[PDB]
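Enquirer: Produce the entire structure from the sequences given, and follow the hints as far as they go.
Chain by chain, the residues:
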Amino acid sequence: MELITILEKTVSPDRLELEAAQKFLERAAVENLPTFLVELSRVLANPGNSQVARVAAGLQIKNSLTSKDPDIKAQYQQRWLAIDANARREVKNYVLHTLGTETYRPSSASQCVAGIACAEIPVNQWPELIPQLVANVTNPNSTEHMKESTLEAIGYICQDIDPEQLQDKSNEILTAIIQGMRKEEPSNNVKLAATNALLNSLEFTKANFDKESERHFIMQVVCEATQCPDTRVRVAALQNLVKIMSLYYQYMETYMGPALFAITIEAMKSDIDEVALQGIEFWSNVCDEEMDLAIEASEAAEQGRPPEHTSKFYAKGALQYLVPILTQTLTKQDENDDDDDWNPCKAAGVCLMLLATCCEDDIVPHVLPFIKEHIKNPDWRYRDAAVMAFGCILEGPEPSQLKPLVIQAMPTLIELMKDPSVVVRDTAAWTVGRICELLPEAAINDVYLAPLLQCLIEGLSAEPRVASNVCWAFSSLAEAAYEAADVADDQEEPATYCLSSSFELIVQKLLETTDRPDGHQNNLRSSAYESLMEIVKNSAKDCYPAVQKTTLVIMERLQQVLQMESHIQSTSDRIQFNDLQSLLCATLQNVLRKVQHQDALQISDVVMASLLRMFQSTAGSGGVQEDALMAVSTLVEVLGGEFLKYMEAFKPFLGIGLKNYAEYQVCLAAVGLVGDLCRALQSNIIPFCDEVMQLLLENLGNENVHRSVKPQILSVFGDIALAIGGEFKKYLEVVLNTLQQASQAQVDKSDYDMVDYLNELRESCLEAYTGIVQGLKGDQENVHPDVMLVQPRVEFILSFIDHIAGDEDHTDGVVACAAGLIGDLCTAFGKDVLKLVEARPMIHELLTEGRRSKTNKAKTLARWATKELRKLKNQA
Amino acid sequence: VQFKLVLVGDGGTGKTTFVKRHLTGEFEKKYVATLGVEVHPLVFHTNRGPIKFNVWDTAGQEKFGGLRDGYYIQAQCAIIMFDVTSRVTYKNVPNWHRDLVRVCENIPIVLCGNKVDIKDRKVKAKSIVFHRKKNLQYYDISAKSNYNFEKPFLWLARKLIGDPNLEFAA
Ligand SMILES: Nc1nc2c(ncn2[C@@H]2O[C@H](COP(=O)(O)OP(=O)(O)OP(=O)(O)O)[C@@H](O)[C@H]2O)c(=O)[nH]1
Ligand SMILES: [Mg+2]
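Sequence order for the protein chains is A and B. Last residue of the first sequence: 876 (the authors' numbering), numbering continuous. Last residue of the second sequence: 178 (the authors' numbering), numbering continuous.
Some clues are possibly wrong.
Only part of the chain B face toward chain A is listed, based on derived beta-carbon distances under 8 Å [what the hints assert, rightly or not]:
(1) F35
(2) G78
(3) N173
Source of the hints: derived by calculation from the structure; they are not laboratory data. We treat Cβ as the ideally placed atom computed from N, Cα and C, and that holds for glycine.
Expert: What follows is the structure in structure tokens.
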């Protein structure tokens with residue numbers, strides 16, 4: 001039927017209607033492209049059509065003329081170039097005549113102009129667009145809508161197209177932009193469109209920005225436009241200034257001094273949220289660019305070269321006026337304000353943190369008098385600003401300077417923990433948590449640690465917003481005290497430490513914090529569980545009975561979760577039940593790594609009964625089947641070789657987890673469980689080995705499998721081979737064939753998403769070969785007849801590692817596994833492996849790179865491989 | 009009273025999972041690719057009467073894009089969701105913002121860094137600087153652990169209605 005009907009159908013929120021419209025558009029596009037594009041261009045250029053239909057036709061032309069993928073974009077551009085010139089000329093005429101006929105505030109035909117121009121300009125088949133746009137903008141008789149649409153199309157063209165096409169005629173483009181931006185323009189919308197067009201074209205006019213006069217003209221026009229009475233034009237001009245400083249930082253030294261500083265300070269002082277936020281973000285961007293240039297200068301100094309760009313420290317020179325304005329804006333709050341509200345107050349706090357990280361100790365004397373003045377101010381806003389500034393200046397200055405200040409202010413912080421104001425208490429808890437994070441030695445101080453702990457355990461009973469940072473401070477303080485433990489010891493765990501005097505009270509208060517009915521708010525229950533896991537991970541051996549009692553409490557809670565399967569009534573009760581399952585299983589994983597073997601032996605039966613009950617509840621496909629697998633893995637790591645009693649009952653659930661493969665996390669967890677089972681059981685997993693190897697072979701090819709799943713499968717191939725020794729020869733040939741097929745595959749090295757994937761895949765391939773060779777070589781004797789089956793595969797293995805060493809991205813793990821594989825092949829075959837390694841000179845270069853590599857394990861394995869090569873050279 | 013929302017991002021960064029978690033409650037674990045678009049209304053109750061968001065769950069894959077930018081017609085609010093665990097999901101956020109602003113005039117946009125319950129984050133909270141540049145609202149969110157799962161809709165309701173003193177009286 002009529003195309004306008006489908007174009008208006010493209011907006012209705014009905015699934016079948018939208019699918020029918022999409023299928024009709026796809027069929028019309030496939031069937032005959034030029035007539036379809038001509039009809040679309042004739043629909044778009046009609047002013048009598050509805051706005052929805054016109055914008056839909058414009059977007060249809062655009063997304064049939066360009067796409068996000070560059071290869072598909074180039075293919076569509078060439079397909080457009082393959083169209084006959086008459087139809088293209090008609091489409092271009094209709095699209096160019098569409099400009100100025102739009103009452104819509106965003107231009108729809110401008111995207112069509114950009115999409116057509118990005119294909120026509122490199123062939124120069126439309127040498128009339130730029131003069132037409134320039135004559136449209138520069139004509140004094142042009143209307144507001146026509147000027148706005150032409151400027152928007154100019155901005156879209158300059159953004160989307162490659163910069164090496166319109167480099168010759170960019171001067172007239174910038175002349176039109178400057179003419180449309182200047183103060184004499186009566187309409188504010190034209191000024192806004194001109195500023196947005198300049199914002200888009202700032203990355204295009206780099207060659208024009210290299211010229212001094214045009215740069216001066218652009219800077220003068222932008223500085224004039226910053227003083228616009230309209231707010232949106234001011235915001236756009238400030239965004240243009242931000243992007244100019246981001247892109248052209250090397251040319252602002254002439255202009256930022258006398259011109260930009262007053263404008264940006266006046267923007268910061270503005271009571272309008274947008275303008276003040278934009279000025280704060282301007283100086284935050286200054287700090288970001290300055291610290292990036294500092295990182296670049298440090299890297300250049302490490303290489304003994306001058307940096308490419310030298311910073312001039314604008315924020316460091318402007319600190320004297322930045323700090324009082326930021327602290328004054330930090331006093332702007334309300335009784336009902338969220339934390340991440342992103343008001344000018346939050347922006348000012350973020351900018352203060354950035355300024356601290358950028359300027360180190362130069363921010364302390366400019367902000368200390370504000371804290372000293374308003375640490376006891378009767379109005380809560382100024383005390384809140386003082387404690388917020390004190391929290392924000394923690395990161396970046398040297399902690400030795402900050403230590404007397406925080407020591408002096410610690411009783412004041414303790415008193416402000418009991419402040420009547422809620423916001424002051426929240427910011428004080430935030431400051432205490434940041435103190436425990438950044439400067440941990442101040443928190444563990446014998447003068448004030450006991451009132452601090454009392455205030456913390458009282459704040460666990462406070463509001464959830466307070467208690468979140470209270471428990472975070474508890475976890476960080478536990479980490480700090482654990483790192484401050486082990487005075488002499490020379491053991492794996494400390495005997496006792498600072499929190500041992502109240503560890504039982506702390507864990508009891510955390511357990512009561514878990515059972516808070518308001519724990520759902522501000523993720524309080526999850527934060528309390530994380531704090532409990534972190535403090536039970538960082539605990540001494542004298543607190544072990546408290547750990548055992550906590551483990552018993554967690555086990556009883558898990559049993560209560562077991563007994564409420566029939567209590568599932570609503571969806572948003574069973575999902576909280578699933579969340580409790582995940583949290584309790586993670587808690588069991590954290591606490592079981594700290595308990596002793598003998599004490600966990602009695603509880604392991606009940607734990608396995610609970611996990612088997614949860615597996616029976618989740619026998620059908622999935623459900624959760626993720627946290628329970630790693631819980632079983634932790635139980636296996638606790639027990640060891642005595643886990644074989646429950647292996648017969650555990651076989652079908654592990655089989656289901658291996659057969660499922662519809663979730664990458666669940667399959668990865670089951671694979672890690674298989675590896676841990678092999679490590680714990682050694683040769684006792686052989687009766688289940690055939691079944692799990694059949695499942696792994698079935699899931700091996702399996703082209704609809706997530707990328708991270710396959711390296712884990714290869715890793716446990718190596719683990720199974722190393723565990724079972726010479727019994728792998730039943731499926732050794734098939735495993736070697738599939739590993740050869742996997743290693744022969746290679747992906748693109750351009751995008752960095754697959755770079756880590758290919759590194760992990762190659763590392764897993766080397767690990768699998770290492771495990772196979774180590775298993776087939778025995779453990780203590782000489783070379784074995786089992787490794788003679790993999791003897792023709794040594795050539796392909798060394799060819800694959802030669803291809804890996806040809807690639808120059810690399811990581812420590814691939815070289816470490818390669819060195820281990822080389823040493824194992826040397827010890828398994830003698831002079832043949834040495835000769836085939838010497839046939840490939842890149843192997844020695846890879847070993848030299850590994851010896852160069854700073855990883856101790858990788859360097860040790862490379863040294864061992866080089867020693868094996870030297871011994872084989874000296875053998876004969 | 010209802011609004012129109014567009015949920016954009018790369019391929020299955022958490023958009024369909026977050027919509028399903030907010031709609032029924034269950035956390036779907038399997039990765040099912042969205043075929044073109046999904047329209048799922050979400051209901052919230054505030055202190056000034058209930059509202060409704062028509063979350064247009066667009067597809068983040070180029071093969072199944074469908075109408076692509078054609079879903080942005082007459083949009084009133086926008087949520088740009090990206091996976092924290094993948095950096096290329098954050099790197100395409102300016103492209104989605106550019107496609108939003110070329111069809112929508114003055115529409116408030118809320119960033120969402122999804123799936124922060126993963127212990128290792130490839131995109132740190134310090135490096136997320138795009139919300140600062142375009143005066144956007146940012147929330148750290150996770151559809152699995154219910155981390156801030158009602159905050160973006162709360163901010164959007166406050167911005168569209170104009171009442172900062174609005175709270176989800178669930
Ligand atoms: N850890 C964690 N993982 C998540 C979470 N939410 C989603 N995921 C994972 O991310 C995937 C989400 O897939 P989708 O949301 O459907 O992908 P999409 O962005 O909608 O794009 P489409 O493929 O077009 O549907 C799921 O398979 C989960 O494995 C989360 O909250 N936490
Ligand atoms: Mg999707």
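Enquirer: When the structure is checked against the list of hints, which entries are broken? Sort them ascending.
Expert: Hint check: nothing fails, all pass.
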